[PDB]
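2 protein chains.
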Amino acid sequence: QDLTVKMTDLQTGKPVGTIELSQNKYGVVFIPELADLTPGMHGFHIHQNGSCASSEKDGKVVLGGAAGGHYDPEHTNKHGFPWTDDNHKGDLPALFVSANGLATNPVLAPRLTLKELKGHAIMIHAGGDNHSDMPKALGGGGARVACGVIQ
Amino acid sequence: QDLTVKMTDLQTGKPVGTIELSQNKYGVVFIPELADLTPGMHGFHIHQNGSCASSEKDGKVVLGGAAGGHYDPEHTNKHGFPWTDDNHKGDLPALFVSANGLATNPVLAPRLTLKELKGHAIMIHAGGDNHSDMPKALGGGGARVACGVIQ
Ligand SMILES: [Cu+2]
Ligand SMILES: [Cu+2]
Ligand SMILES: [Zn+2]
Ligand SMILES: [Zn+2]
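Chains A and A', in that order, are what the protein sequence lines are. A prime marks a further copy of an entry chain. For the first sequence, the residue numbers in PDB author numbering are 2 to 9, 9A to 9B, 10 to 53, 53A to 53H, 54 to 68, 68A, 69 to 103, 107 to 125, 130 to 148. For the second sequence, the residue numbers in PDB author numbering are 2 to 9, 9A to 9B, 10 to 53, 53A to 53H, 54 to 68, 68A, 69 to 103, 107 to 125, 130 to 148.
I should point out that these hints are in silico values taken from the structure, not numbers from a laboratory. We put the beta carbon where it would ideally sit given N, CA and C, even for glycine. Some clues are possibly wrong.
[Stated by the list, open to error] Simulated restraints, written as ranges between beta carbons of each label pair: (1) A'/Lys-24 <-> A/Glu-32: 21 to 27 Å; (2) A/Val-53G <-> A'/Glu-109: 38 to 44 Å; (3) A'/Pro-38 <-> A/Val-28: 44 to 50 Å; (4) A/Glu-32 <-> A'/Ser-53A: 25 to 31 Å; (5) A'/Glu-19 <-> A/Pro-64: 46 to 52 Å; (6) A'/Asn-123 <-> A/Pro-64: 23 to 29 Å; (7) A/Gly-139 <-> A'/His-66: 22 to 28 Å; (8) A/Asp-75 <-> A'/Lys-108: 51 to 57 Å.
Start from the sequences and build out the full structure, keeping to the hints where you can.
As C-alpha cells, this is what we get:
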C-alpha cells in the first residue's frame, strides 16, 4: 500500500528521482528523493489526467500541459489549502528544495486517499504556492517543471 | 453624478444614516455617515438584487437575504480584493466603525462605475472581510446587518 512515482524533468527529459506514497491514519504522506531542482519552495499538486506529455495553448507549447488542471473530484473550481474543503482535492503542501538542489522533506495531505491517486499525475512547478488564486492564479506556481504518472 | 443611499439596520428596522456615492477618475468613492453599528471592520459589498428584504434558507430566516449574492457581472464565482480582477465586481474595501459606533472613513473601489450601481444593493455585514473564501466563505462577513438599495 505504498507506491513509487518516478519523476522526470520537463525541460531536460531526464529522471529526477522518485516520491514514495504511503497511506496513514491522518491522510497520504509524500516522501521525496529528488535532486536537480531549484532551491526554495515549489508548488506541488495532483493533476487530473494520467499524463505528463505536452499540450498546446494559443499557438504555444505547454510543457506537461497534458495532465490537465488540479485534481478536483468535487468540482470546486478554486485553489486553496490542504486542510480546507472547498478547493481542489489535489492541493498539497509546498515542496522545499535545498541549496544543493535536493528535495527530502516529507509532506502530509489529510484529505486524500492512496486508492484514488492511481492514474493521476504528480506535478512540481517552478513558482511557489500561496494557496490562493490571488494575486496569481493557482497560487503563483506558473510553469510545470517536473512530472510523473501515478501507477 | 453622486447618489445618496439610505442605510437601514436589518435587525432593528431603524435608519442608520447614509452613504454618498461619487465618481472619480480612479473609480467609485463611498463616503459613509453612519452610526449605531459595532466598532471594528465590517465586510462591505455590492449585492446582486435591488432589494434588502429577507429570504429563506432551509427553513430559516435570512435577513437581507433578498439582495442575493455579491455583484458579479463577470461571473467569477470567487470572492476577493478590490483591485484583483477574477472575483466579484462588488467586493469593496472593509468599513471601519469607531468605538462610538460611528462610520465616517471613505473608501475607493477602482473597478466600479457609478452608472452600473443603480438598482443594486449595498450591504454591511457583522463579520470582517479577509478578501478570500478561506477559511470562511465570502471573507468571513457572516450575517448581514445593514442594507440599502441604490436608487
Ligand atoms: Cu500543479
Ligand atoms: Cu456582502
Ligand atoms: Zn489547486
Ligand atoms: Zn465577494
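Here is what the structure says about each hint:
1. For A'/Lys-24 and A/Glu-32, the Cβ-Cβ distance of about 57 Å falls outside the hinted range of 21 to 27 Å, so the restraint is violated.
2. At about 40 Å, the beta-carbon gap between A/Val-53G and A'/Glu-109 stays in the expected band of 38 to 44 Å.
3. Distance hint for A'/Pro-38 and A/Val-28: a CB-CB separation of about 46 Å, consistent with the stated range 44 to 50 Å.
4. Between A/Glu-32 and A'/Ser-53A, the C-beta spacing of about 55 Å breaks the proposed range 25 to 31 Å.
5. Evaluation of the 46 to 52 Å hint for A'/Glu-19 and A/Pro-64 yields a pass: the beta carbon distance comes to about 48 Å.
6. Here the CB-CB span from A'/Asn-123 to A/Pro-64 is close to 26 Å, well matched to the stated 23 to 29 Å.
7. The supplied range of 22 to 28 Å is met by A/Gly-139 and A'/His-66, whose beta-carbon atoms lie about 25 Å from each other.
8. At about 38 Å, the beta-carbon gap between A/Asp-75 and A'/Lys-108 misses the expected band of 51 to 57 Å.
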